[PDB]
Amino acid sequence: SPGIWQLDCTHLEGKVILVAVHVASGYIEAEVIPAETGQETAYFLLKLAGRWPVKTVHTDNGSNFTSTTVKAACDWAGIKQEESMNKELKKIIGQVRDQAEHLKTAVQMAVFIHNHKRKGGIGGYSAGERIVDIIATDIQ
Amino acid sequence: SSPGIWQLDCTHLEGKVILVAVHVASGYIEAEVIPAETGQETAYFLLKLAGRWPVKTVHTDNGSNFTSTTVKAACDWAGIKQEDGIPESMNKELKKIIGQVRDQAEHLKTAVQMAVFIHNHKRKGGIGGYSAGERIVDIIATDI
Ligand SMILES: OC[C@H]1O[C@@](CO)(O[C@H]2O[C@H](CO)[C@@H](O)[C@H](O)[C@H]2O)[C@@H](O)[C@@H]1O
Numbered sequence: 772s773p774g775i776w777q778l779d780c781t782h783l784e785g786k787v788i789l790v791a792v793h794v795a796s797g798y799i800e801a802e803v804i805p806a807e808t809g810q811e812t813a814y815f816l817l818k819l820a821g822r823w824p825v826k827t828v829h830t831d832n833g834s835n836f837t838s839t840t841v842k843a844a845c846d847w848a849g850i851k852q853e867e868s869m870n871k872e873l874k875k876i877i878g879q880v881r882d883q884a885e886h887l888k889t890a891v892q893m894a895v896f897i898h899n900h901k902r903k904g905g906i907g908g909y910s911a912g913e914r915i916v917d918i919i920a921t922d923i924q
Numbered sequence: 771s772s773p774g775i776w777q778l779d780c781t782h783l784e785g786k787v788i789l790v791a792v793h794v795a796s797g798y799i800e801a802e803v804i805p806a807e808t809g810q811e812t813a814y815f816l817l818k819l820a821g822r823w824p825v826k827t828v829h830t831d832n833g834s835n836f837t838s839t840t841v842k843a844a845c846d847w848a849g850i851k852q853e854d855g856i857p867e868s869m870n871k872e873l874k875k876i877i878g879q880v881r882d883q884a885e886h887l888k889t890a891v892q893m894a895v896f897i898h899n900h901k902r903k904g905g906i907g908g909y910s911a912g913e914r915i916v917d918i919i920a921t922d923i
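From first to last, the protein sequence lines are chains G and S. Per full-length UniProt numbering, the first sequence runs over residues 772 to 853, 867 to 924. Per full-length UniProt numbering, the second sequence runs over residues 771 to 857, 867 to 923.
This is chain G alone, in the form it adopts within the complex:
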């Protein structure tokens, strides 16, 4: 399961947030985009796949994933197309929304907070640690 991601959209302050969750780790990446378009989705996926070993993305079946540009991006990147941390992200965005002028800044603060937050006590791991451990282990 190291190459499995789930992608979802969130709408906030009349803007769109694209969120990718690495399913096995809970690690997230996110971008704020003007609108939920095929071009933006394709670009997002291309960035994701240049950064992590992406094999499969699970999506809602919106039209932004059907587009020919998204299909070309996925073909090129070797990606196959097919809420727990999602309500959380919204939560953290609120907790810090005041520390920032723009929405996209608060979003990236929340991603930061989420990915570095240790789960559990001493002995625990953050999501950022889990994803790299999983991938490093897979590579052996």
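Errors might be hidden in some of the hints.
As the list claims (entries may be wrong) - Taking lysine-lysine and the BS3-like style, the derived pairs with C-alpha atoms no more than 30 Å apart in a straight line are:
#  : chain 1 : residue 1 : chain 2 : residue 2
1  : G       : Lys888    : S       : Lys826
2  : S       : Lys851    : G       : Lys875
3  : G       : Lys842    : S       : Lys875
4  : G       : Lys888    : S       : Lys786
5  : G       : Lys786    : G       : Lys871
6  : S       : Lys901    : S       : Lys874
7  : S       : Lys818    : S       : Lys786
8  : S       : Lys826    : G       : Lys903
9  : G       : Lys842    : S       : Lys901
10 : S       : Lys842    : G       : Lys874
11 : S       : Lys842    : G       : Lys875
12 : G       : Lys874    : S       : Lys851
13 : S       : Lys903    : G       : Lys826
14 : G       : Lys842    : S       : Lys888
15 : G       : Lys888    : G       : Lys842
16 : S       : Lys851    : G       : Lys888
17 : S       : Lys786    : G       : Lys786
18 : S       : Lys818    : G       : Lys874
19 : G       : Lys901    : S       : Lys851
20 : G       : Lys901    : S       : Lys826
21 : S       : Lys818    : G       : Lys842
22 : G       : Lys888    : S       : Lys888
23 : G       : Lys826    : S       : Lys818
24 : G       : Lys901    : S       : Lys818
25 : S       : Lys888    : G       : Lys826
26 : G       : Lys851    : S       : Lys901
27 : G       : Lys851    : S       : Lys874
Stated by the list, open to error - Covered, in the sense of this in silico footprint (three residues per stretch, anywhere, with C-beta under 8 Å from a C-beta of chain G), are these stretches of chain S:
#  : segment
28 : 814-823
29 : 892-899
30 : 902-916
No lab work stands behind these hints, which were simulated from the structure alone. We put the CB at the ideal spot given by N, CA and C, even for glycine.
Once you've looked at the hints, dock chain S with the ligand against the given chain G.
Okay, now just chain S with the ligand, sitting in the frame of chain G:
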């Protein structure tokens, strides 16, 4: 060669600005095309980067975008030690790869990400070696 050290540079192509972050120990890169080297764009890039990797230190070219208060405030928030002026065949490398995929993309920003993808997946050191992508996670992993 600490695992937490990144170098940021900029490169210009077709009248556009590419901000590049290089994980020094592994050669792994991240990049974005931005409208101009401003404080807020730079600060936004750094905050995203720090959200995705354990960034302890960033070496910069001391450009005016880094001396801006917006960037210094981002580094402070993210706990990044900003090291300005601390010392490049990487930019030559990225530009070369960008050339090899440029006719597959309608827009430069797309060709840049494709180039980043190719660089990070390229096996270095022969069939027996590893890519920058493999190297960064092997270096950064705390519990294998
Ligand atoms: O290069 C523009 C491209 O980047 C995206 C994210 O994929 O926009 C975000 O990232 C840029 C680079 O950091 C920022 O300049 C921009 O403001 C931010 O929204 C895409 O939306 C866009 O196509």
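Comparing the hints with the structure gives:
no.	hint	in the structure
1	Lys888(G) x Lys826(S)	23 Å, holds
2	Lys851(S) x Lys875(G)	28 Å, holds
3	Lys842(G) x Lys875(S)	26 Å, holds
4	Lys888(G) x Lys786(S)	22 Å, holds
5	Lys786(G) x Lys871(G)	16 Å, holds
6	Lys901(S) x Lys874(S)	15 Å, holds
7	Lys818(S) x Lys786(S)	20 Å, holds
8	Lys826(S) x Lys903(G)	21 Å, holds
9	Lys842(G) x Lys901(S)	23 Å, holds
10	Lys842(S) x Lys874(G)	26 Å, holds
11	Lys842(S) x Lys875(G)	27 Å, holds
12	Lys874(G) x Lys851(S)	29 Å, holds
13	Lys903(S) x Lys826(G)	22 Å, holds
14	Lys842(G) x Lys888(S)	18 Å, holds
15	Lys888(G) x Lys842(G)	27 Å, holds
16	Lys851(S) x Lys888(G)	23 Å, holds
17	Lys786(S) x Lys786(G)	26 Å, holds
18	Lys818(S) x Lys874(G)	17 Å, holds
19	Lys901(G) x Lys851(S)	20 Å, holds
20	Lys901(G) x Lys826(S)	16 Å, holds
21	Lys818(S) x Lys842(G)	26 Å, holds
22	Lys888(G) x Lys888(S)	19 Å, holds
23	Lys826(G) x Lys818(S)	23 Å, holds
24	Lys901(G) x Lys818(S)	16 Å, holds
25	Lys888(S) x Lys826(G)	23 Å, holds
26	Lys851(G) x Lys901(S)	21 Å, holds
27	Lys851(G) x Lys874(S)	29 Å, holds
28	814-823	holds (count 7)
29	892-899	holds (count 5)
30	902-916	holds (count 4)
The structure is consistent with each of the numbered hints, conforming to all of them.
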